[PDB]
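As a starting point, one isolated chain is supplied in structure tokens, in the form deposited in one PDB entry.
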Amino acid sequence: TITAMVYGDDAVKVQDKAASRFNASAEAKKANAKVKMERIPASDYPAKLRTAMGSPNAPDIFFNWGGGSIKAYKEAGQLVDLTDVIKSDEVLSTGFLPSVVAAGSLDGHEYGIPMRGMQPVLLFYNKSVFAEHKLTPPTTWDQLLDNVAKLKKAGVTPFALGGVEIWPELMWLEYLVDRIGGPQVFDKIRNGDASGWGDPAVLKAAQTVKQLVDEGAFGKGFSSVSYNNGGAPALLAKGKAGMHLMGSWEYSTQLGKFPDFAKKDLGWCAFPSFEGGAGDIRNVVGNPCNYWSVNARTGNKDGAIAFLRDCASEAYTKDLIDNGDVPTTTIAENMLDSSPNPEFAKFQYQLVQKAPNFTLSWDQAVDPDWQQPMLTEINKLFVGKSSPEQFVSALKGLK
């Protein structure tokens, strides 16, 4: 018995179907293994994983977000380094988009196998607002600024923004740092060097954000608008805002709250290029997937890796697709016609397939004890409480 600790939201049914398939397979019986999927409530998951890992009967494999979500376990010597396991394996070595597996790495080493869908952040827009004001989706930063100027003139907030949660503000900085300095800038930062915040691309991103807020790109009361209660999606859906930078779950949010708008007038595009930036303009940021990692102390490593190989399989891929997710498997590439929204799924999968890099959202990627202090400083910058320089100074002081 291989114990698997998993995040028990509705999507767990995919991991249960996987455990069922795996436990009945020749490969499991060969390894003398059976997987026991142990669901933990979504809100309790980080603490309950902490408790489990710090005692005997820690899980053999466990659900995580990669990066800082697993720092303390990596530091505590509690994880199987998968870098070479993946490279040696006929299934694992070619089974996933490489950028997604790299996204949650620690120090160039991979400790996760992708087990859920990718959720890149995209620039969504209201095609009806765009139609009425002769705007097109911006491909460059100047075009984005052009659309900001014309929306303002037209009485429409250029971007919806869930300031309440702060992480919706964070998405602008994530794309800007990547567009300006390339992925190396955040990579250096997420691997625990706070002087990395002193990179010029960070200050530039911060100045760019200040310019947009100062220019009215998010309107005036965004700090009291919530994403999670539907305030920000509603602004877009109602044509009160013209664009919305958001994780790809914005499509499902709109579909469940404003279905006619979702099916007819919701558009999406990549975050635009930025003039003179180092970043490859196809690079993506967001949720690369969630991951399984493997406890170093597991009695059945071979059974555990056999179960991980099922994450790359056609049957696993089909279950994720039927769930409305966009798998990160290579086998998915020609299977997307059975998605409930194949156009949006194929848009995402092709976008990520061509990306040189997928950067894990900074709030999951940084050391956990940086997460709140970072979001606080992000909020201060957006609300004018910090200058770009003060924002950089604060983050450089992180330990």
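Positions refer to the first chain, counted from 1. Under this definition, the rigid core comprises the largest set of C-alpha atoms superposing within 1.5 Å between the forms. What changes on going to the form deposited in another entry:
- After superposition on the rigid core, the Cα of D16 moves by 2 Å or more between the two forms.
- Comparing the forms between the two forms on their rigid core, the Cα displacement of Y73 reaches 2 Å or more.
- Comparing forms between the two forms, one finds the smaller rigid domain rotated against the larger by 34 degrees.
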Second form
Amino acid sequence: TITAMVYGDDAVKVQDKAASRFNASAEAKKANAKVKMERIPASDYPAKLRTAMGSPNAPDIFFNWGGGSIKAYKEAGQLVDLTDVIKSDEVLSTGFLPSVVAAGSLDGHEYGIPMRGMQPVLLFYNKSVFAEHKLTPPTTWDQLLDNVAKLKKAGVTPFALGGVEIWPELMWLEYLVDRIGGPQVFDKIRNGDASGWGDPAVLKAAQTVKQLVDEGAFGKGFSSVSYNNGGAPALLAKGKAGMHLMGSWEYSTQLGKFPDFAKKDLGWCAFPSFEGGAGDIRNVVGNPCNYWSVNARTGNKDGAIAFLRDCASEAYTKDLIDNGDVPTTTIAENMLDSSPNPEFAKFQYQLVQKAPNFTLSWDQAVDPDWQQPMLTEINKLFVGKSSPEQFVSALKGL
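Got the form deposited in one PDB entry; any chance of the form deposited in another entry too?
Lone chain follows.
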């Protein structure tokens, strides 16, 4: 039994389908192995995984985002270096976009096999709401503000926001810092320099966020709305909100929970430009993918590799596409017209392919011991407990 610890949101249905398919397979018989999904709820996944990895019953494979989400496990000797496994296995070697495999590497060694869709953060919107108020998707920050003022007036919350998890608030900072100051601002911080939080682009992003909040862009009480229980996506699908800045898994989430809305009334656009900003507007922030990594303590390394091969298969790729995701397998590009929404799938594939920079979600990119302290300070910014200068000063002390 290969245990696979996985992030248990609605998307886990794809991995459930894969465990079933693999378990019934001849490659499985061959390695005398079955996979068992250990589903861990989204809301406390990083802590639960850490506890499990220190336990006698640590998972044989586990779900991650690369970067800071594996750096400690790797430094602690807990991971199998997959570089040679991937190189010598024909299916693994040619199975994924090389850029996505690189995003699951550390120090030039590959530690992840891609296992969900590419996940850039996009601006989604309700096309009904817009049509009713003669709004158009904003190509600039000033137009985004115009849209906020009109929705406010019309009694519609401009943006849905899952304040509870705090990382949905972080998304605003991520795009703002990149648009304003380009990718080198966060690169410096991610590499460990806390002084880097002193960059003027960070302060400008933090002030811009405060203005949005103070001026009602997220309404009142977003700090009590959750993304993970479906609350924030439902605000959008019911036309209680006009827009929603979210990882591209939002489309899948909408399709499964509100299919009528997702089919007819869900729109999308890139995060807008910001006047005077130095960042290339083609840059994206989010998650290049999610990855399986393999525990160095595992007793059936070959069984686990066998299951990992399935991640490159036509059947796995089709299951992702049918879910609303755009997979990172080499065969996916040629299969996008099979998507529930081929225009969206194609918009999303090319947005990522054209991006000069793809910045990993900050709470997954920073060193693990910064992840929570950082989200704590972001929440204090959003609820107005910290001024933008206090926010900067707190982070400089990490």
